[PDB]
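> The chain contents come next:
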Amino acid sequence: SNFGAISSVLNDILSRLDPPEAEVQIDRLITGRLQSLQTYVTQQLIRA
Amino acid sequence: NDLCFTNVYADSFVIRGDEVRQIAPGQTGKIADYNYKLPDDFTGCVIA
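Sequences listed follow chains A and B, in order.
Quick note on the authors' numbering: the first sequence kicks off at 968 and runs consecutively.
Quick note on the authors' numbering: the second sequence kicks off at 388 and runs consecutively.
One thing to keep in mind: the hints can contain errors.
Each computed DMTMM-like pair below joins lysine to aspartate or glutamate, with the alpha-carbon atoms no more than 20 Å apart [to be verified]:
| id | chain 1 | residue 1 | chain 2 | residue 2 |
| --- | --- | --- | --- | --- |
| 1 | B | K424 | B | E406 |
| 2 | B | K417 | A | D994 |
| 3 | B | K424 | B | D389 |
| 4 | B | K424 | A | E990 |
| 5 | B | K424 | A | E988 |
| 6 | B | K424 | A | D985 |
Taking CB as the label site, the calculated pair distances span [said to hold, decoys possible]:
| id | chain 1 | residue 1 | chain 2 | residue 2 | range |
| --- | --- | --- | --- | --- | --- |
| 7 | A | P986 | B | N394 | 21 to 31 Å |
| 8 | A | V991 | B | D398 | 19 to 29 Å |
| 9 | B | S399 | A | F970 | 38 to 48 Å |
| 10 | A | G999 | B | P426 | 24 to 34 Å |
| 11 | A | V976 | B | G431 | 31 to 41 Å |
| 12 | B | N394 | A | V976 | 39 to 49 Å |
| 13 | A | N969 | B | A411 | 24 to 34 Å |
No wet-lab data here; the hints were simulated from the structure.
C-beta atoms are modelled at their ideal positions from N, C-alpha and C, and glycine is treated no differently.
Excised from the complex, chain B in its bound form:
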């Protein structure tokens, strides 16, 4: 509530429950190879 940012980019999609925990940068391995990769220096929130 007390930080400022240049811009906020929101990305939305749908996956199964088994893949929800895979959005973590380390856990991205299976998803990242073909579908969706989150940067190692990611700064933000993941909401599902």
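Extracted from the complex, chain A is given alone in its bound form:
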């Protein structure tokens, strides 16, 4: 999933926006993936 970024592939971010600005896209993707993992773990805790 994209999570509102120029791409969903990690390496593409590292070769299309340069370090000064690609950090923002990386951060957005990081927050999205971390939130998804949070939801998965919480669902697992309730089911357990």
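Using the hints, position chain B against chain A.
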């Protein structure tokens, strides 16, 4: 006027007007490649 710092390091030089706006960390791309690069975590002031 009301903050304290361990040390203040002053760097001085001369460039043309077209490059004055390029000292910004994102805009450093052209200047930084060969001449002068400012860190992404820069903390200070630029005066020209």
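> The structure should be examined with respect to each hint, and the outcome stated for every one.
Consistency of the hints with the structure:
1. B:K424 to B:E406: With a Cα-Cα distance of about 13 Å, the restraint between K424 of chain B and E406 of chain B holds, given a limit of 20 Å.
2. B:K417 to A:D994: Answer violated: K417 of chain B to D994 of chain A is near 25 Å, above 20 Å.
3. B:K424 to B:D389: At roughly 29 Å apart (the allowed maximum being 20 Å), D389 of chain B and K424 of chain B break the hint.
4. B:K424 to A:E990: holds (18 Å)
5. B:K424 to A:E988: holds (15 Å)
6. B:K424 to A:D985: Holds - the C-alpha atoms of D985 of chain A and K424 of chain B are around 14 Å apart, at most 20 Å.
7. A:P986 to B:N394: 21 to 31 Å: With a Cβ separation near 27 Å, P986 of chain A and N394 of chain B satisfy 21 to 31 Å, so the hint holds.
8. A:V991 to B:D398: 19 to 29 Å: holds (27 Å)
9. B:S399 to A:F970: 38 to 48 Å: Between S399 of chain B and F970 of chain A, where Cβ atoms are some 44 Å apart, the hint holds.
10. A:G999 to B:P426: 24 to 34 Å: Given a distance of about 28 Å, which is inside 24 to 34 Å, the answer is holds.
11. A:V976 to B:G431: 31 to 41 Å: With Cβ atoms ~36 Å apart, the hint holds.
12. B:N394 to A:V976: 39 to 49 Å: Roughly 43 Å apart at Cβ, these two residues keep to the hinted range, so it holds.
13. A:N969 to B:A411: 24 to 34 Å: holds (29 Å)
In this structure, the hints that do not hold are numbers 2, 3, in rising order.
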